[PDB]
Amino acid sequence: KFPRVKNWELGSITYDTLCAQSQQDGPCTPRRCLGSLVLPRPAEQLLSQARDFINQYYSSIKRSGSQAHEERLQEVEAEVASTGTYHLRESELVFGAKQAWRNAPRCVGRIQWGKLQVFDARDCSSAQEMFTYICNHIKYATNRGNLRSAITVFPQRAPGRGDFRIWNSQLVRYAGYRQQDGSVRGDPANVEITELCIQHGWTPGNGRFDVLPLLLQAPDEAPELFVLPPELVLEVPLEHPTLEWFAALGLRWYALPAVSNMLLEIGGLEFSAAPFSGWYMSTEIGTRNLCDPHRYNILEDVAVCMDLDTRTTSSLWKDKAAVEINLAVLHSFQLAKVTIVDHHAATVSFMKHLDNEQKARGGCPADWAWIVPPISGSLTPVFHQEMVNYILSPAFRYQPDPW
Amino acid sequence: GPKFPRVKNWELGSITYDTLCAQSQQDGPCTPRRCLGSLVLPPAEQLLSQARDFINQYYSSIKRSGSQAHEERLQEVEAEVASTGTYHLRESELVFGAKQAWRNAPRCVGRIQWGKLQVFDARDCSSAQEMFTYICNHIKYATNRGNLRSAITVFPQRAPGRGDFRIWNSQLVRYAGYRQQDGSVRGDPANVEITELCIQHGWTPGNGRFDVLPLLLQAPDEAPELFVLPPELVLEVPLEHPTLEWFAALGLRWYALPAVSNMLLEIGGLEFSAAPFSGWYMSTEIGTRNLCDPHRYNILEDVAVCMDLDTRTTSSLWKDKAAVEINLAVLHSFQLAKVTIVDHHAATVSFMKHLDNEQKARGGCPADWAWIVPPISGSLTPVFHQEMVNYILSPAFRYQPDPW
Ligand code: HEM
Ligand code: HEM
Ligand SMILES: CNCc1cc(OCc2ccc3ccc(N)nc3c2)ccc1Cl
Ligand SMILES: CNCc1cc(OCc2ccc3ccc(N)nc3c2)ccc1Cl
Ligand SMILES: C[C@H](O)[C@H](O)[C@H]1CNc2nc(N)[nH]c(=O)c2N1
Ligand SMILES: C[C@H](O)[C@H](O)[C@H]1CNc2nc(N)[nH]c(=O)c2N1
Ligand SMILES: [Zn+2]
Numbered sequence: 069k070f071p072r073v074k075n076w077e078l079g080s081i082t083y084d085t086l087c088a089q090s091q092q093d094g095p096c097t098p099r100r101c102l103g104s105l106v107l108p109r121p122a123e124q125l126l127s128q129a130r131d132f133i134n135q136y137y138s139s140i141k142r143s144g145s146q147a148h149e150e151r152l153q154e155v156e157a158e159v160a161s162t163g164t165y166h167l168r169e170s171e172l173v174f175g176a177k178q179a180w181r182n183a184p185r186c187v188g189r190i191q192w193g194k195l196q197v198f199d200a201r202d203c204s205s206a207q208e209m210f211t212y213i214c215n216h217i218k219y220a221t222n223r224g225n226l227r228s229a230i231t232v233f234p235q236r237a238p239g240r241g242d243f244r245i246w247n248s249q250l251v252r253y254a255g256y257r258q259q260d261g262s263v264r265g266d267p268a269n270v271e272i273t274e275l276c277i278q279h280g281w282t283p284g285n286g287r288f289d290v291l292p293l294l295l296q297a298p299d300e301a302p303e304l305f306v307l308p309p310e311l312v313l314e315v316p317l318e319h320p321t322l323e324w325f326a327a328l329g330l331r332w333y334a335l336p337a338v339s340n341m342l343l344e345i346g347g348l349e350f351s352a353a354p355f356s357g358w359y360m361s362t363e364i365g366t367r368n369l370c371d372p373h374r375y376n377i378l379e380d381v382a383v384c385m386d387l388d389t390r391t392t393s394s395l396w397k398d399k400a401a402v403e404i405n406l407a408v409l410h411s412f413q414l415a416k417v418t419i420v421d422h423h424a425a426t427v428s429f430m431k432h433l434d435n436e437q438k439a440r441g442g443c444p445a446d447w448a449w450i451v452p453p454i455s456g457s458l459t460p461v462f463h464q465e466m467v468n469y470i471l472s473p474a475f476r477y478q479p480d481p482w
Numbered sequence: 067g068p069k070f071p072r073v074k075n076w077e078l079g080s081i082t083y084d085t086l087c088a089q090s091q092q093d094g095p096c097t098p099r100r101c102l103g104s105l106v107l108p121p122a123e124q125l126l127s128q129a130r131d132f133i134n135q136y137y138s139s140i141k142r143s144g145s146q147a148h149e150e151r152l153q154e155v156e157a158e159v160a161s162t163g164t165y166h167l168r169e170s171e172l173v174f175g176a177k178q179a180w181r182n183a184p185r186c187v188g189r190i191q192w193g194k195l196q197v198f199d200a201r202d203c204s205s206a207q208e209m210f211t212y213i214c215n216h217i218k219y220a221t222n223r224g225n226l227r228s229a230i231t232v233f234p235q236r237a238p239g240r241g242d243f244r245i246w247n248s249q250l251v252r253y254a255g256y257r258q259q260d261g262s263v264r265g266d267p268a269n270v271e272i273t274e275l276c277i278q279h280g281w282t283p284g285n286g287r288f289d290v291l292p293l294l295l296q297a298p299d300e301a302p303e304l305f306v307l308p309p310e311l312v313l314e315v316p317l318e319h320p321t322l323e324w325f326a327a328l329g330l331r332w333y334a335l336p337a338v339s340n341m342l343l344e345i346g347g348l349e350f351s352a353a354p355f356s357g358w359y360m361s362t363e364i365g366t367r368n369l370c371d372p373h374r375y376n377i378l379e380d381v382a383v384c385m386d387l388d389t390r391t392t393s394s395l396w397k398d399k400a401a402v403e404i405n406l407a408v409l410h411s412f413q414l415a416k417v418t419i420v421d422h423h424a425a426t427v428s429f430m431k432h433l434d435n436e437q438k439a440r441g442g443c444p445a446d447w448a449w450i451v452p453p454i455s456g457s458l459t460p461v462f463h464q465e466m467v468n469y470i471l472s473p474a475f476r477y478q479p480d481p482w
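If you read the protein sequences in the order shown, they are chains B and A. The authors' numbering puts the first sequence at residues 69 to 109, 121 to 482. The authors' numbering puts the second sequence at residues 67 to 108, 121 to 482.
Nothing false has been slipped in among the hints.
Quick look at which bits of chain B chain A covers, simulated, 3 or more residues with Cβ under 8 Å:
| hint | region |
| --- | --- |
| 1 | 98–108 |
| 2 | 390–400 |
| 3 | 449–460 |
Please keep in mind that the hints were generated in silico from the structure rather than gathered at the bench. Backbone N, C-alpha and C fix where the C-beta goes; we use that ideal spot for every residue, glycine too.
From just these sequences and the hints, can you work out the full model?
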């Protein structure tokens, strides 16, 4: 019933009891673990999810059973009974957004969960308005390199009406230009979105790091195209501390990781456009974004600059180049005074988070395969920590691409 | 479409479906409410069903499913359980079973090799001395002076009302772990308990960082007896670095042969409590886990200081740098000594090929992602980007409680 969770570096044993609060099914069954899969394969429903959330909210401020609690439950019940739905008070929304981050099993950065600026953009009626909110989000979150976590929340979904959607997966993304000679200039993860932009009338560039426009969509309307003011988008040229040739690669990355394709669910209400940003862990850029084969794929180029043996795997040329690239990202962001965390500091902070959550709730939902970094796994403490994975609401969820 | 798990490779974009998982009879630790996949250790009627199942598997493998000999073997096994409460496997059944157990092992990245496994039948063994002889032969055969060969030696099965054959050590080769009076550990901390068990049983202990442990061997209903391995049987590789000349002076070494000996081999409900097996190392096992784990030899800081790295800050990536050079030293020295080894890139590539083989051969392959992905350079290898389905097929290797 209650899972025995062991740390194999220290011998420590905990027991997760938070998992009992899980109301949603994951992809595993006793016959097969599907834990490594990236994506997933009436009115009393909503009402019970609403009651549960309001109950959480009032417990958070230590006022359970009180008359403000009991009254808020009836407001929620009266509205659902008459309209099939209801609305969150802003304070509740602020709470809900923090819990969704706190509950995100794949996020290594949750030590920060209580510090989150929440912009209420539920009074949005057009793509143009959505653009203003996004520009402001970016300005606030970027704060000249002293990054600050933020989320902007657009109107929730409503029955028989199209969704508010940001078509881009992140607020800032580099273009992917498919050359007709088989290759791709720019970021191959972004080929499809780049093509959507062009079809919607964007005039494309031809660099490896062309910042994409935002395609914003208000309900049942064609998406509209907005170019982000170049001064809003802070970027960091990459250079290496000892390899003077590194900067000559023209490599660079943007400061702000702002995810915009996820759906935020609070108390049974769904928010299809709710972009959020924190700051980068260095490996995201250094390992995944630049070294992944289906991305910028720079491993070989850097290895040759380093004059390593490329002819054989046993010279570990890949491992060596990757370390230097990650070092270039850390150095450069620190040089440009932009908030960034290395994977050792991050994982160490995540262990402290686990301990805080253990005392606070009796567990912490965590997805080992995502929490463990993409290089130097067992060299971080999270590797040796067993983790229980489950779904708590409020939550961030994936949703289909709107096209 | 298909009512089976869909499996994606995110590098290549390719999709497969796992139908093999339908063959699983034993439940794992996960439920719809929570995934426990990262957890390291989570009657004649029952026997007969497992026995019938394995006999069906065996006859399938030789393409005689539904045949007269198949049905006679079924009747033969049932009648044997009917009078003894257990049954016995034929030689070729044991060979097929042992190989299928390796094939079925979700955590093993080396399964491309699964059909080339030398199976030594040792079901005649009747003493601890004789266990020693068999073990020595295994080591000689498998070590083959550096040109390593996969092998398993299978000792008599669990019998009703008779003690188990057990090998107390977790591997046939392991370094002593000597607990110091100043709290620390000399040698391998992983092996503190078995070292103390060896001493309690009469072994005169050394005081090195790399003292090879004696074997504690247990024949049925008898106390374990102690056997020292003749040193020439135990191939070691001194560690040096291709370009960093000082690395040799660290005096580090590792043994050639990884030979796991505490696992239980299960076949058709028959349980072989002693069935040590061995292949060859993947370099990250030695270079990353055994030598760099904090709770193992923990040499990361030593090496980083020799490399003159800034160890006062995480963001210098000193751990990452030292780790790479240690791994490189493992590879270089094993190659120089001409002792079979595989780096984590070559291994993971070979595992992708294996997944493709098994997709065609069996409609899928049970695989534990957290264990298949290597402990350094994870996403630099192709398996990181490969979704995997994990489940228990039988025949299997299983963990078993320690004899004491
Ligand atoms: C403040 C610093 C933060 C750091 C260092 C951090 C770190 C990370 C990293 C490394 C990942 C893995 C992402 C990947 O490989 O694609 C991740 C995932 C995630 N993060 Fe954070 N994060 C931070 C802030 C936030 C904030 C403010 C939110 C939302 C309020 C958030 C929500 C999430 C979610 C929902 C995931 C999982 C995405 C998925 O399931 O695909 N994070 N985080
Ligand atoms: C031939 C070369 C082989 C290589 C390179 C190889 C590689 C590996 C590696 C790296 C692991 C991870 C273990 C750990 O980190 O603790 C592993 C696990 C495992 N291997 Fe293989 N292996 C090989 C041969 C074999 C053979 C011959 C057998 C048995 C007949 C076998 C059975 C297993 C089993 C049962 C595990 C899982 C152990 C556990 O679950 O705790 N392997 N292998
Ligand atoms: C799961 N496939 C990639 C994917 C990642 C997503 O999130 C990545 C993500 C999410 C939140 C983050 C927060 C901070 C940070 N530095 N990186 C972060 C990275 C969202 C949608 C998709 Cl489709
Ligand atoms: C659970 N981790 C410790 C443990 C590891 C075990 O096996 C590790 C193992 C098993 C087989 C291997 C075969 C080849 C190889 N290179 N390494 C191999 C490593 C068995 C039991 C235990 Cl208790
Ligand atoms: C197949 C595998 O589950 C997939 O590639 C995962 C593994 N772990 C990850 N971990 C993080 N942080 N981000 C990712 O995109 C992934 N991808
Ligand atoms: C807690 C976690 O499951 C544990 O550290 C695992 C992770 N993956 C592993 N992978 C391999 N190959 N060997 C191991 O011992 C482990 N340990
Ligand atoms: Zn699972």
